[PDB]
Each structure stands twice: as C-alpha cells, then as structure tokens.
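Student: Please put together the full structure from these sequences, using the hints given.
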Amino acid sequence: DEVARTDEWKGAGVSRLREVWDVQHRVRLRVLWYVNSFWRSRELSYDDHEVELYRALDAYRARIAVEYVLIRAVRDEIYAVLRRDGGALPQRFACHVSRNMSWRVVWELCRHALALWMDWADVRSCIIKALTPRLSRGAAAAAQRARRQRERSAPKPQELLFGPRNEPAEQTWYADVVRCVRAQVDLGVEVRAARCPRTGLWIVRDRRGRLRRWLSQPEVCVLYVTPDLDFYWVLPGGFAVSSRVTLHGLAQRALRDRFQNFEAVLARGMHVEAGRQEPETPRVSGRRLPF
Amino acid sequence: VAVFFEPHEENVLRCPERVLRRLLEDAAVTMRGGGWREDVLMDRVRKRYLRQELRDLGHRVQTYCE
Amino acid sequence: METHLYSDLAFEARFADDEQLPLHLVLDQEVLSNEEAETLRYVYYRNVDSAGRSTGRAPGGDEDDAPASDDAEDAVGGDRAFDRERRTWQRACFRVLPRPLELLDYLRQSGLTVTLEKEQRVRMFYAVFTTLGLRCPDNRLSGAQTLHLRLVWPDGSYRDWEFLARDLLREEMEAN
Amino acid sequence: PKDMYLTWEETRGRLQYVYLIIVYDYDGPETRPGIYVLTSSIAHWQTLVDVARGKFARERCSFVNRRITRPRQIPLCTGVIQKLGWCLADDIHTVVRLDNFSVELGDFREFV
Amino acid sequence: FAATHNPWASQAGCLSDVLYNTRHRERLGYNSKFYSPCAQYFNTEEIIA
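Residue numbers (the deposited numbering), protein chains in the order written: chain A, 298 to 464, 468 to 591; chain B, 12 to 77; chain C, 1 to 176; chain D, 168 to 261, 273 to 290; chain E, 1225 to 1273.
By construction, these hints were calculated from the structure, which means they are not laboratory data.
Backbone N, C-alpha and C define an ideal beta-carbon position, used for all residues, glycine too.
Where hints are given, some of them may not hold.
As the list claims (entries may be wrong) - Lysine-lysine pairs mimicking DSSO-like chemistry, simulated, CA-CA at most 27 Å apart:
(1) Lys118/C <-> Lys453/A
(2) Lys169/D <-> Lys222/D
(3) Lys1257/E <-> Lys453/A
(4) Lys222/D <-> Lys307/A
(5) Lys250/D <-> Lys222/D
Said to hold, decoys possible - Here chain A is said to cover these stretches of chain C; the calculated rule only asks that three of the stretch's residues, wherever they fall, bring their Cβ under 8 Å from a Cβ of chain A:
(6) 25–33
(7) 73–85
(8) 135–148
Tutor: In structure tokens:
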C-alpha cells in the first residue's frame, strides 16, 4: 500500500497552537504547527546574535520613520520660506476680506494651528496620499507627455487648418484640515480646485461642488498639496505660503517599500478586457448558503 | 450694511510687526531637536519587549531555581 | 483548513529554488473586521532579510539606494523601480470561512487530531486560513528576519502588519 | 425505484429528461459504485456533466486518491452518463414510475 | 517584379510622397490653385478609396 501523504498528514495531527503578535502589538494572529510538515525533516539551524537584532530594529525604525521625516521636512520648508520672504505673504486663494480687523491674533492662531498639526501628523495625511499617484505605473510617461504638451510651440496654421483637433482646468487636491476651536484635526480630505476666471486666485469646492466653506471660518487652517507636489498652507483670509515639498534627502527603495501604490492581478469575476465596467465583487459571505 | 474688499493677487498680509515673528523663530528653533515622533514608536516597542524579556527572566528565575 | 496541506506540499516541492518554509496561519476578529474579511481579495507576504532590504533584489547593491531628487519626469526612478517593487512580493494561498466557529472543534470536525496540552478552546466569528513562506538563505536561519503581511481588498487599499522571525519561532524552533 | 431515483431540482421543469448515472467511489477497498437513475430538466450533455461534477467532486477526489494509493492498479473511469428519454412533470407517480416514456437509447458517454 | 524602382519616391513617408501626397501638402501649406501634374499619382488617401 503506497499510502498517501494526506492521510498521514491528518492522522499525524497538529502539535500545538501558538499565538503571536506583530511588532507594534496591534494585531495578534495565531500560528499552527503540524507535525507532518517537511519543516521537521530539513534539520535547520537557528541562532540570533544581538547585533543582527539591533540592525533589524534600526532598519524597521527607518521604515517607520520615513513618513515622519518627510513631514518634518515639510515643516522645515514652511519655516524656511517663512523666514526667507521676511514675513510678508500674499493671498493666493479667493476670499473677500475686511480692512478693519485684528490680524496679529490670526498670526497667533496660525502658529498655534501649525504646532497642533505637527503634533497630529500621521501616515494617512496630505503629502503621503498625494504621493501615492506619483509612485504608480504609468506616471513617468504621463508626466513626460504632460511636459511635452505643455512645452509645445505656438501652432502654425497648417495644423489648425488640416491637422487633428487640439485639447484639465480642475485638479484633484489633497488637504489636511486643522481646527483649533475644538482642537480637531482632519487628515484625509479631498478637494476639487480650479481658478476663478474673474481674478487669478483659486476656488476650492467638493467633488459634489459644495464650494468648500471652511475658509471663512476664522479658526481653521488648511494644508494643500497638488499632484505636481506644489505646496500650500492657508491661514484664514485667503493668505497662504507656498513651496515645493523636498524628498531628495530620502532613499528611493524606502519610498517604494512604504506606500507604493498597488497593482492588481486578475481573479474571478474580473474582466480580461482592460478597463470595462466590472460586475460586483466575488463576496464570499456568511449570510447566504455558500453554494 | 457691510463693507469689505475683493481679493486679488497683489494684496499682501505683512509680518506682524516682528513681535510675533520672533516667537515664531523661537518655536522654530526650540523644536529642531526634540521629540521626533519617530523613536516614540521604537520607545514603545523597546519598553514592551523589555517588559516581556524581564518577565521571561522572572519565569526563568522562578523555574530554573526549582 | 484545506489550503494548509496544499501549501505545505507546494513549499516542499518548490524548496530547492527558494528555501522558503511554510507558515500556516489563522486570522480572526482581533486582526481585521468581518466586512473586511468578506471582501478580502488576496494576501501578500515578503521575506525581508535580517539586516537589509528584501529577498527580491540583488544581495549587494542595487539602483534603488539613490535619492529620488524631486523630479517630475522619473519621479521615483521610472518604471524599473515599479518592477523591482512588484517582483519582491509573492502571492500566498488564501481561504476564508466567514461563519463563526471554534478552531479545535473545526479541525476535529475535519479529519485532523489536535492534541493540545490544555484546552485553549479559541472562539471566533470568521476564520481566514492563510499560509506564508519564510526564507532560510542557507540551511540555517537567523531570527532577525521579519515578515510583511499585506491584505488586499479590491478597491486598491491595503493594510500592513509586520513581525519578526524571533517571536514566530521562539518556542517551536526550540522544541526541535 | 425510490432508492435509485434522485434529483437536484424542484422537478418543476416541463420536459424532464432522464439520465442513467453510475459512479466509482473508491472509499471502499475494491469499489463501491453508486448506481443512479437521474431525471433533470436540463437536456444538454456537457453542462449536465458540469453540474454533476459540481455534485460529485467527492468521487473525483476518491478517484485521484485511488490513483495515488495504488499505482499498479489502473483506475478504469469515474462515471458514465447515458440518457434514456424524456417525460413530463406530471407523469411521475409517487416506487416512482412513469406512465408515458419517450425512449432514446443514447450512448455510454463517460466523464471524470 | 523587383521591389521598387525608385526608393526615394515610393515608401509611405518618403520625399516624393511628402512632396506630393496632398494630405502632406495640406500639412505643409500650399496654394491649391496651382495644379500639380503629380497629384494624380500620389493621392493614396483617395486612390485607395
């Protein structure tokens, strides 16, 4: 009888159940240990010197710290350009203002909101979420093509009179809303934005088109980031300070290890055609009989 | 009745008479070196692993003594 | 249950090309919510080595150590960084049981014979049976390795849990 | 015969075709072939074979189990379909027998 | 039964194509009043039609 490995696998049973935690002690998942695995019959050696654990903890520290050192770089850039201009900032966002108004207290509230936002930074925030489309698959040719289409010459009448017809006035902006009447900070916020054609400033609405109405509230402050990594930090009254976010003091494979945007493969219920309207999810559920 | 100003690209808010800019620079340089909010997570996991291995030393000193 | 045997035999048959070792897991309500476990598309693991980067790259040196330098054109390297980041993950098998159960009584309701030292009758509302791989470079194995569990839902979002190799084999490697 | 009759239906299809199905369960030492007479509303052969595969995958895993547990002994088949004809949903009579029966002596069509 | 007896004047995208295919002369800019006696040989936007 050439008896199968499956029956001796089951009848050999499982030795013991051992649970384990993660490093941050957030999840706690359990591990089985079957005796009839081939894990036993390879005769593995095992050892852990402490210097390797120290280097492992340092590498894991870097992997956790890449986001917060990016946020610290953002704060340093804010303070750098705020020292650089000399304290005089323009209004880059459309809001009607009054002249007789106390403005030193708005500066105090702006410093307060800046310290509060630095206290409550997280990996689920503006710059990380705006960075995730930049790490994608077709980002290189898309940015190259947008650069070439931006840097195209003035068209001659030949391509206007016989060539093909020519051709994104709104942008997908990401926002961190902080607020000091309640010390409530709001992290993952999406804002549709474009220019006001009557002037040269920006108009910020919802995806529904709400005309986002926190800018008139005197206590909030917002951080805006654009997909081309342009930077904005807007105190009430429409005045704001601008920069570029600088990530050049950071490694590349750390940025791809941490929050590189995901690419999916084909499972059941998915179109082998690329990009049609898919049907519903597979949805293996316990409410129904599982069929 | 209400009076206001229409926004522009040439209206500028000035520095707050450099009496609040200096405390802005103070808050800039008092937090260049401090809590980085990076090794706080390392602090938590080091404290927790240290508690774990110290309790393991307790189990070892309680059983291996017999 | 049924995926653990298959992955055991698969890692046995694939052992000489990569010396991965099977790691049979169960996840429950302490990890992810039931709404997340009902639409869980697939899992992902990666045997990051002890001191450095990962398994899916060159051992010494690469072209990903450079700064990103804040450019628009090749924002992070280009497509080759995407290929290196996609290559380093491996897809583990996947089986989810979205009904409440007890693990030992489930395995005794299947053909297995659990002989635990004392009745740690664990109860749960939904059991997803996953099975990762962890590498040994030579036939020895360092405890300073780490894992990266990646759980993917079809919207594109994910979650990541990480844990070392030392706590995984704190007793079971010492039991052999 | 009430023992050999079975279905996977509410038997509310109009034209009930019939099908002889035997299997080869190798959970016994030699063979335990479960002979069966099967009505169905479905008439096409291939999709019926797919539904039967969905219903009889335990015999398929038993078939592969026989193949691994005994290499020298050849496994013959797994099962053979053969239609006999078709009737109407009211022609059944609870031993369940049929009053009218159109005949169609079809072929031994195997399946795994 | 050779391939081409004038390989500067036959390939789609050659000189005498782009000098005389009328679509390319529209994309170059030309006076339509001037008659060209090579237009009847290179109008493969319409010769194919």
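Student: Would you mind marking each hint as holding or not holding in the structure?
Tutor: Tested hints:
no., hint, in the structure
1, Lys118/C <-> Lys453/A, "violated, 85 Å"
2, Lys169/D <-> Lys222/D, "holds, 20 Å"
3, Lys1257/E <-> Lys453/A, "holds, 21 Å"
4, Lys222/D <-> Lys307/A, "holds, 24 Å"
5, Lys250/D <-> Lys222/D, "holds, 18 Å"
6, 25–33, "holds (count 6)"
7, 73–85, "holds (count 11)"
8, 135–148, "holds (count 9)"
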